[PDB]
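A protein chain is absent from this complex, but the other protein chains hold their places.
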C-alpha cells in the first residue's frame, strides 16, 4: 500500500513544505505516459510530470545516453569545453530561427531567465523589466520579480524597476475599443502607462508565448509582432520564455516560429531536459559580442557540463527523427476534439484553448455568466485521481480553475482516448 | 589533436561567453582524479572539476545508481513523493546536527541559497541581508545580491537591504585592537555600522564557513560562535552556505560541526551532487512549521525529483562507508605538508591555509612586504597545464592570487605526491 | 529699462538655472493684481504669481500682520509653543470638515506632502504610494516620487513602491465602456493592475482634486467618492493635496467640500501662505494619536514659527470676512463666460475647464481632430506679455498646451474684463 507508515512518518518529519500538497501515494516506477504507485496501479500522466517529459518517462534513448555518459564524461571544470556541449550549442543554433546564434547551457528554468535578464541589463545599460501580470518565470531572485501569477507577497520588496502589463485574454475580455476587444489598443494603453512611470531605464520585456501558469493564455493574433515593435521603439530587448512551449509542444519547434517574430533572447528549460536539469539561453551574435566586451558573467557549477548537454542533444535528435513536432499537431487535434465533445456534454466546461499538446480547459459555473466554479475543480481533480488520471489545475483571481493538459509528445492514440474517458467519468461523478 | 578546427569553429560561432576563458583543449573522457584530452593526455584534476567531484569522476557507484534510476524513476510531478526523496531528506536529517530537521531538495547552489533567503525573509517579516565582502553565493537574483567577491557592477541596482561586512582575514590583518588583530572587535565594529544603517528589517546573514572564491579564507577561532550571537540579539537567522565545504571536504561532515555552531538554515550543493545538479536546504522543524503556516513557496520543476535524490543518497552512502571524511584529513595532511615544503623552497608562496582537502596557496612577490605577485600566478597556472595539472586561481583586490586546491576525497597517495611534483616544476620554471 | 546690463550680467554669472526661462524684465514692485517692471509698466498678474497670491500682492492686512510680528515674535525653538500657532491650528480645525482635527505647520508644499506621506507610512506599517500619472506634488524626495507630470528622468531611481494610475480625463477620453467614457471602470481597471503588482504594502494615495500642472484636469463626478472607497477596501489612507485648490480658489473653502469626501490627511500650501512660505497638514485625531504612539517625527527649523502662522491666520480672517470664497464663484463665472466667448471667436481654443478662479484653456489646432497646437501657445504667451498680461502655459504629452488662469480672489470686475481683452488681442495677433 501507499499507506506505509514509516514512509509517511519520515515525510512528515523531514520534508520542507514548498507549496501545494503531496499526493497521498508513493510513486514506485514510471514508464512512457504512466506512473505507478506502490500498489502497481498505473496513473496516466497527463501533465508530463511538471510539464517536462516531452518524450515520456524512461525513454530508452535517454537511458542509453545517460548510460554512455555517466561512466565516460560527467562534470567538468567550468572552463573546460567538451563535445556534447559544443554539439548542443550548435544544434540549437541551427534549429532556432535565423538571428538566434549563441547559447549558454545551464540547469534550471529560473536560472536561464536570470541569465537572460542579466545580459539584457548589461547590454542596454538599464534595469527596468516588464512582464505580464499573470506570468511565471521562476522562484529565483530576478525571475521572481517578473513573476506575477503568484508568490508575490510577504517576502519583502521586489527588484527595482519591476512593472507588469495585462496579458491579452480573449476568454474574458476587459478592454474595449469601439464595440469589441481591442487587445492591440490595450497594449498601447498599457505601454503609455509604463512609459509614464519609467525612470528612463527600460531594459527588456519577458514574455511567455502562451501563459501556462496564468491559465493557458495564448497571445492573440498579431500580438507578439506588435509587442516586439513596442520594445524596438524604446530600445528594449525581448526575452521569450519557451520553457513549456519549446521543443515541439505546440506544433512548431518553438512557439515563436508561429507568429514569425524572433526574440532577442530565447530561453529554454523543461522540455529541453525532458525531465532532467538542463536549460539554456539562445541569443544573437551581436548581443553576445556586446555582452562579452562589457564583461558578461554567468558562471555556475553546471554550466557546460557533459552529461546534461549530452542528454539534451538526444532529446532533440529524437524529436527530429520521430517527427514528434508533427505528432504533437495530430495527437493534439485528437485530444482537442474530444475535449470539445466533453464540452457539449457538460455545462461546466466554459472554454478549451491552447495549441498542439499544450491545452487548457476552463471550468465554469455557467456559460452565460461565465462564473467560476468554486471547488468543482478540486472535485474533478480528486475524481481523476481515483480513476488513475493525473491532472493539474491552476486557479487565479477573476478566472475559473483551468486544467492544464500536456501529455507526452509520444502519447498514443489509445492513451489519449483513455484519458479522455477517465476525464469524462470524473466530471460526471463530480457534479 | 585538441586542435580540431571544426570543433573550435563551432565553439567560436555558437557559444556564449560567461566568464574566464576556455581551456584550449577538448576533454574527451574522465575517470577518477583525471581528465583526458583529445590526445589521450591525462590531466590531474586538482579542483574536483568546479569543486564538486568529491568522489571523483565516474565513480562506479554513481554510475550504477544513475543506471538503476534512469530507466526506473526519472522525473515526477512536483507534488508526487517518492522513495529516494524521502530517504535523502531523512538521511540529511540524521547526519546534520541536532536542530537541523527538514530538507528541501533542489538543483543548484544559487537556487538553494535563494530558497534559504526567501524562507528567512518570510519567517522574520523583514528583508535585509548581510554577507561578507568577499562572498560567493550565486549568480541568481538574491544569491547575487549577497555576493561580493565579484559580478557586482554594470548590471543594475542590487536587491534593497543589502549590506556586507568585512570577513575576518588573518593573513592580511586590518583591524587592530591594542597591539593585535582583533577579529571579534572588528565584528562588533562592523555590526555597529550595520545597526546604524538598518531600517529595522534585518532578516538574516549568509556566511561561508571558509570563503572559497574569496581566497580560501577560513573564519578564525571563536568567530562563528560570536557571529551567531550577533544574529541572535537582533532577531536574524544565520544561513550557512556549505556548498564547497559540506560532505567531508574539510575533515568533518559539515564545517559547521568544527566550530560547534549550528546554523538556522544550512545550504548544500556542489559536493552533495558530486558533479550532478542536486542541491538542498536543511532547516529546523520550528522554522519549517512557521514558514508553512505563512505560505512558504519554492516550487520548481526539479524539486523532489527521483533521479538526483537517488544520486545524492549514494554519495552519502559512499562517504559514510569508505570513511572518506577521515581520508580527507589524512590525505589532507599529506598535501598540506608538501605544500609547506614548497614554501620552504620558493619565496613566492606567502601562505598556505584551509582545512582537509580544501587548501589555498597565496602567491606573493616577497614575504616581508607580502606584495602580490602580478601575473606570476598566470604563469604558474600555464605551466601546470603543460605538465598536466589542472589548477585554479582566484585573484581579488588587495590580495595575491590564491590557488584553490581541492582534489577528490578519493585521491590516492600517489596522485597527491604527483601533483605536488608538477606543482613544484611549474613553479620552478615560471620564475 | 529692464535692459540694465549690470543686472543681467550678474544674473547670467551667478544664478543657477532651475527650469523654464527667466522673463526678460526686472520686476520692481507689485500691488494688487499687478506687477510693475523697471519701466513702470504694469503687468496684470493672471497666475497669482506661482498660483499663491490669493489676496493679491501686498495686501494691506498682510503688511500689518508681518509688521506686528517681525518686531514682536519671529522664530522660536521647535518645542516652544506660541499663540499664532495654536490659533492657526485651531482655526484650521474649525473650517475644515469634521474629521480633520489636528494640524502641523510647516514651510513648503513638498514639505507638507512629505510629512503626510511619512505619517501614512508610519501609521499603516507599509510603504507603497499611488498617484496620478500627471500629478505634481513637489521636488523633494517622496513628493518627487509621486510626481508624474515632470522631472522623472535622469536623476536616479524613484522611491520603492511607487505606482501611478491614469487620471480621469474627460476632454480626451481613452477608456471605453460600452459606447462611452467610463471613468469609474477605468478606475477599477487601474486598481486591478496595482493590486496585481503590490507587494502587499499599499499605504496611501495622494491626489490633487484638480490636477493643476497636469493641465487643469478636474476629477469627474462621483470619482473621489469611488477613489476613497478603493482606498478603504485596501487599508490605504487618502491624502488630498489642496495646494492650489484650498483657501477658496475653486468656490469652496476646500475642493474636497464639493464632492463631500473628506480625506485622511489634507495638505495645504500656496494659497495658505498667500505668497509666503507657510504650509500645513491637517489630520484626524485618531491618526494623529496613532502616529504619536509609534513615534512620528517631523522636526524642522520652521515648524511652528510665530511669523508665518501669524500670516496664515490673517489670510483666513480676510477670506472669511470679505467673503472671498463667494467672490471666487462670481468673478469666476465672469471670467469663464468671457473665455467661452473667445472660444466662439477662435477655433484654436479647444476646451475651457476648471472651477471658480482656477480655470484652464486648452489650445488646439482644430476642434474636430483636437490636434495640439505646436508652438501656437508660445506665440500667445509672448503676445500676452507684450500687451501686459502675465499668463502661464503647461504642455504635456498627448495634450494641447493649456493656459492656467488663476487671478487673485480679490480681482475686480475691470481687471477681469481687461485681461480678457488682452487675451483676445494676443490670440488675434498670434495666428
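Residue numbering begins at 1 within each chain, and the chains themselves are lettered A, B and C in the order written.
Keep this in mind: a contact is a pair of C-beta atoms (placed from the backbone, for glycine too) under 8 Å apart; a residue touches a chain by one contact, two chains touch by 3 or more.
The chain not shown here makes contact, within the complete complex, with B, C.
Only one of C:33, C:134, C:198 or C:269 touches the chain withheld from this view, namely C:269.
The missing chain, though absent from the display, is touched by one residue of C:44, C:103 or C:217; that residue is C:103. Here the missing chain is touched by one residue of C:72, C:337, C:345 or C:429, and it is C:72.
If you put the missing chain back, the residues of chain B touching it would be 133, 148, 152-154, 156-158, 160-164, 166, 174-178, 189, 192-193, 196-200, 398.
Although one chain is not drawn, its touching partners on chain C can still be listed: residues 7, 10-11, 13-23, 25-30, 35, 45, 47, 49-53, 57-58, 60, 62-63, 66-67, 70-83, 85-87, 89-90, 92-93, 101-104, 107-111, 114-115, 118, 121-122, 125-127, 138-145, 150-151, 154-157, 159-161, 203, 269-270, 275-277, 281, 283, 285, 288, 291-292, 294-303, 305-308, 390, 392.
FYI, only the chains that are shown with their structure count from here on.
Taken as a graph of touching chains, this assembly is arranged as a line, each chain contacting the next along an open chain of partners. The geometric centre of chain A is 50 Å away from that of chain C, both derived from CA atoms. Spacing of chain B relative to chain C, judged by their CA centroids, is 59 angstrom. For chain B, the set of residues that touch two or more other chains comprises 157, 160.
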